[PDB]
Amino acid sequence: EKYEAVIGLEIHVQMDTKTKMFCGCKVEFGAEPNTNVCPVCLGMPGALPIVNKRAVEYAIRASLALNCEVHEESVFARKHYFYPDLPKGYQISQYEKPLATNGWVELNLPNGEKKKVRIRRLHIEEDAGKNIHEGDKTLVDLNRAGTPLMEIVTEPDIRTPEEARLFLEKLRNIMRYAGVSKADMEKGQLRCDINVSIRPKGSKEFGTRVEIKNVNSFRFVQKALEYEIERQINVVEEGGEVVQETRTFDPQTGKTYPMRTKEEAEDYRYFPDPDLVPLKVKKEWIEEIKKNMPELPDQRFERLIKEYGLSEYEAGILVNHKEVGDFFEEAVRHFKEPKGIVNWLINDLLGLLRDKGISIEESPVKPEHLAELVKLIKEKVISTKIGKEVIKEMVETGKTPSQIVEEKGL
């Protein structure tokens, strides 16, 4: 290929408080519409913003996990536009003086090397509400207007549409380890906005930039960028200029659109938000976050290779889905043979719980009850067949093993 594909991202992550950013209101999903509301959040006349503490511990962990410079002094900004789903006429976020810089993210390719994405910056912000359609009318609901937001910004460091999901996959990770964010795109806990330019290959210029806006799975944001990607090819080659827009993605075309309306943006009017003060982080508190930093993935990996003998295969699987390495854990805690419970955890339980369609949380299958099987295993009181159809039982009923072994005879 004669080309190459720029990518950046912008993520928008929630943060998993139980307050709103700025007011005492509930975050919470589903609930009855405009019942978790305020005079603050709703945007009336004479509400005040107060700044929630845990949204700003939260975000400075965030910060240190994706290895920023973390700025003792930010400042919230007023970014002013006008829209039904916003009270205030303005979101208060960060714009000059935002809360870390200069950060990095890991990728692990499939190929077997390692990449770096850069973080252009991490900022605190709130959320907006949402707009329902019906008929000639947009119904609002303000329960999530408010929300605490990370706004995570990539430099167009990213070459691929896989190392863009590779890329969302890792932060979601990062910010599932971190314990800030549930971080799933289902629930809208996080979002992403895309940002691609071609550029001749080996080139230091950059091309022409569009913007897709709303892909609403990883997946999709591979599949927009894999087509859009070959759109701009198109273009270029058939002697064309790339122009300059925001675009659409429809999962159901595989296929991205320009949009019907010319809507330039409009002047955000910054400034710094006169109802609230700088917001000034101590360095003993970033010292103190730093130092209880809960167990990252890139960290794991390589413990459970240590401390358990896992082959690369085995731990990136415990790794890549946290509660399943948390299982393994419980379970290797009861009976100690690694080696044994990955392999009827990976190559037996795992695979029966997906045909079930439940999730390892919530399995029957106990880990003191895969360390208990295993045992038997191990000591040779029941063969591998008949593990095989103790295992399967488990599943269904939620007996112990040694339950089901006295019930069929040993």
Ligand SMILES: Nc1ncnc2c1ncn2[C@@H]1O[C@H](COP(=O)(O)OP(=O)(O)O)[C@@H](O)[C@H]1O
Given for the second form:
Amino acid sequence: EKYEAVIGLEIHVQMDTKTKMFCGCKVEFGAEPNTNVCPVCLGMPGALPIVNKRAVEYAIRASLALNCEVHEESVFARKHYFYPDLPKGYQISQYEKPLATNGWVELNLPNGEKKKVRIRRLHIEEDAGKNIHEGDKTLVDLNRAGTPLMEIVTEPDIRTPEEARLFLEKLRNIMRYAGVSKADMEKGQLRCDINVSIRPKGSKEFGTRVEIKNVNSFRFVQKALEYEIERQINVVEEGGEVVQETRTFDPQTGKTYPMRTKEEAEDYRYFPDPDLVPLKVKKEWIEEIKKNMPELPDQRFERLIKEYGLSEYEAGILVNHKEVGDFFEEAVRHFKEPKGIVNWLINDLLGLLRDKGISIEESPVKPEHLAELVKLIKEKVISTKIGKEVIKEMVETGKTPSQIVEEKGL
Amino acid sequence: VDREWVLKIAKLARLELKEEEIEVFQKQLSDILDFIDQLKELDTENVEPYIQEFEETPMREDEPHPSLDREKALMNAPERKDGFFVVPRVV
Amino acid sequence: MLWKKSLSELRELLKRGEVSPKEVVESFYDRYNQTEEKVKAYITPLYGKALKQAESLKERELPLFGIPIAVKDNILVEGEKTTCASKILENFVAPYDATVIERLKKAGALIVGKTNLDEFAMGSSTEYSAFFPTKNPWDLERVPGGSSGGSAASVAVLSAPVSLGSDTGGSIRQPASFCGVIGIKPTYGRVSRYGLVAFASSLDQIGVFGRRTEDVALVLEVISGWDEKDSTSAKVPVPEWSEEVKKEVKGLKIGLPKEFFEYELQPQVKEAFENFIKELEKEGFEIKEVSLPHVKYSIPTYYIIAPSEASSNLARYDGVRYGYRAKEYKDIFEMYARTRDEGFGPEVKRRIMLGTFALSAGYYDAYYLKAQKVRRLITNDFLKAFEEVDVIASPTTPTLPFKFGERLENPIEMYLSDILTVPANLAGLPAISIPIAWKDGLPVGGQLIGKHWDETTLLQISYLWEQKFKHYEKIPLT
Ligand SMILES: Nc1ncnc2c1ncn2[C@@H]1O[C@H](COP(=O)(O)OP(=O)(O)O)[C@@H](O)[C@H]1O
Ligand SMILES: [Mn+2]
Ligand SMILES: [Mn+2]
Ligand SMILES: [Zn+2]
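Just the form solved without adenosine-5'-diphosphate (ADP) so far, so send over the form deposited with adenosine-5'-diphosphate (ADP) bound.
Then the entire complex follows, led off by the chain already shown.
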């Protein structure tokens, strides 16, 4: 190809705290609209914000997990705009002086092998509410208003629709691994906004940028980008100039579309929120979070290859879906036959659970039961053929392998 | 200062100015802006913006606090429906 | 005659059962009925409700057991309207208590009404109440000051003994001066701003009006301390001010800023202030000239900062969750812009326009940011002057109470009322306005600005001054 795709992404990750960012209302999915609510998050007259400590602690854990420099001083700014799901007229985030800066995420590619996407910033902000349209009216649930979010911004380092997806997947996995957000786009805990230009290959200056807002799955971002890149390429070789705008993506058509409303944005009138003193983060606290950091995926991936002699294909499976690795490790602990357990987990148990629709967190076969089953295969008590028969029923029922060996004879 | 200026700032601020206000605010503000231009004279390179003295950023444990009763929370609403605030549709 | 009695007199009567809370309220109620038609201190009188609340009031040893207290109508009292004297908030029923109201209620106090003000605390005369002017009980052709106009006035006529206002740039002190009453704005952070409708978050403070220094010291002590619902409230112990005002500290020093000599004063005010200082000199205060090289910049600084924070704090009045909403609109933009144009008064609209400009990118550095830096220079002048001196004195106001319509022609003329009051708010310092003379029938206030957290000294000097000069005995309407 003559061109090159330059992709940058803007992710808003919802932090898994119990409490909102600036008040003690609960964060929880579901239900009753305007239920977990406040003078404060309702942006009522006279209501003041108060910083959630965990949100901060999770926002630091996440920055570090992303190799960001965490700044000891950062400042909440007011970000002004009028919209029904924004109770105050402003959103409290961070502007100049964000929490974290100069980080990076590492990608593992089908094969260029190994690549880096830089994190431009990670800032702390609060969420808006949701709107529902119904007739000539919009209905506003401010339950989600004020929810803690990390806004994460990438450098234009991504080059490929797939890399865009691989990025989001890895980001998700770190978040989950650090345990700061559930980060499933399905549940509304990860939003992503896409920025795309093209150059001609090897040129060092940037092309006109299009923004694609509100794509809702990792698959959809890849698709949106896939189309959009072809779209711009068409425009440029036809002799036209690619116009800088926002666009939208229809899942059903797989296409990206300009907007009827010709609405330019407005000055956010940023300035520090005088209801809040600057966030001073002690170095001792960072060190403490750094020292007690959970195990991250890139580290887990190397540890398993060593501690259990798994293959890069085996460990990948187990690390990308954390709960499987968690399962695997509890099982190997019951019976230290690692090669055997991974075989029966990947080749057998996983496929069987997928077929019912049951996730590994909730499987009837507990790590104990698989380690037990594998044990009878090693100690030659049953055959591989019968082992494959008792596993189908282990899942079918919930019984131990040695329950059904007896019950059916051997 | 121009009519265009008064409108642009009103738009940002969401005040549909009445024609009487566009004339009156053209003068008053033009004056007020001349009235407050007194600070150039002063040198503030090497001066820190004002903030009150704190030692530590005051924070707050992650523990739920009883929300506002939904009833009180909507009672002042200009229009309510089914637990929701209602507004004209947004596009 | 009961409403003519101080809180010490009322408390002793209440503690020994000689009077009941209900009688106390009834007394002030009648005085309200005497005066209100002329004065117009209140937006929402609550004597009726207070009457009922008094019947259930029993524990007499509560610090404010049976005391009526008026409250500015930008402080939320739950179940009752909080209008901020605005069309955009008439019919807004307050869903929660401001922290100060909570603390007063717990102290046995009885909220007797919601007091008139300039709309959104924005003004220096109360003329910008969207409902009606309050009038000066010493001359009803004259303004009572602002923005806490009603709170000062009702304390002057004694339709309530003691009062709550707020002070962003002098909105307790200047009404105190004009109405011939004591009014204190404490250190920034000393009193919670939870439930105070925000004007300028970094300048606002709730404060107290009274006629006796002990009244003021007590109400301030109660309403006082750290509040977990307020990030900017300080984790500092509240001094026992009721036990402290009566004490006397030797060899205190008073600074007179050289730069204030250049300030245009009315001769009567000048004369009043000179006498105030001579008389304090006689009592053993050392009087020193100090320098505050940046103070003259106070007013420009304030009138960038205040309107900026105000445009931000007022973005929430939008017709969506509460308050006024315009009747005619074709789209949510019109709903917004019409609700606001119709619901906001003219002074509020002026500061909103100014604010959104001062915060606009391209002008932010030269306006808001600049101002916040000049503010530090200003603060520093004070800190340095406090190395040599213990309090700083000046007139509270450059003029005697002025006439209605006198400062409505050019909005700037209204701003110039604040020249002596704003520096305290910029620096975050406590300041008190104290009645020092009556000149041509009209109150004159003397101002003392103290060090951070030194409300004590401010109160002590106010207590000593009232012994020499018993302003609490002047009552306006018969
Ligand atoms: N020419 C471009 N092509 C692709 N992405 C870009 C380009 N310029 C900026 N971006 C991306 O846009 C995202 C958001 O940029 P940001 O500066 O936060 O918002 P804005 O540019 O609107 O102020 C970042 O991911 C950045 O990498
Ligand atoms: Mn954002
Ligand atoms: Mn963008
Ligand atoms: Zn809340």
